[PDB]
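Participant: This is what each chain is made of:
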Amino acid sequence: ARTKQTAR
Amino acid sequence: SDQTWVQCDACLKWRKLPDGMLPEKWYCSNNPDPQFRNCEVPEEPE
Ligand SMILES: [Zn+2]
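Residue numbers (our numbering), protein chains in the order written: chain A, 29 to 36; chain B, 927 to 972.
With the rest of the complex left out, here is chain A:
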């Protein structure tokens, strides 16, 4: 799967 992390 294509994933990305954002800085929550």
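If you are wondering where the hints come from, they were derived from the structure by calculation, not from laboratory data.
There could be a bad hint or two in this list.
Claimed, not checked - Quick list of in silico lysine-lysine cross-link-like pairs, DSS-like style, CA-CA up to 30 Å:
| hint | chain 1 | residue 1 | chain 2 | residue 2 |
| --- | --- | --- | --- | --- |
| 1 | B | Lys951 | B | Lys939 |
| 2 | B | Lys951 | A | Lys32 |
| 3 | B | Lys939 | A | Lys32 |
Claimed, not checked - Here are a few chain B residues that sit away from chain A, every Cβ distance over 12 Å (derived from the structure):
| hint | residue |
| --- | --- |
| 4 | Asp945 |
| 5 | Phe962 |
| 6 | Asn964 |
| 7 | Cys965 |
| 8 | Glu966 |
| 9 | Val967 |
Note that the Cβ used here is the ideal one computed from N, Cα and C, for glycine as well.
Since the structure of chain A is provided, determine the placement of chain B with the ligand on it from the hints.
Facilitator: Only chain B with the ligand this time, still in chain A's reference frame:
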């Protein structure tokens, strides 16, 4: 953060996933959260 997002391969929207979680292809229908389990649901903001 860090919030994990996955992109639906059908509608291209990004969906939040629980921390620590996958198939090669992923779709809204596979969402553990029933609120975001249909491609019609608008993408959540960052
Ligand atoms: Zn979708």
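Participant: For each hint, tell me whether it holds in the structure or not.
Facilitator: Tested hints:
no. : hint                 : result
1   : B:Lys951 to B:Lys939 : 13 Å, holds
2   : B:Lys951 to A:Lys32  : 15 Å, holds
3   : B:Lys939 to A:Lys32  : 12 Å, holds
4   : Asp945               : 10 Å, violated
5   : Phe962               : 15 Å, holds
6   : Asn964               : 18 Å, holds
7   : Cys965               : 15 Å, holds
8   : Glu966               : 20 Å, holds
9   : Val967               : 18 Å, holds
This entry does not satisfy hint 4, going by the numbered hints stated previously; all others are met.
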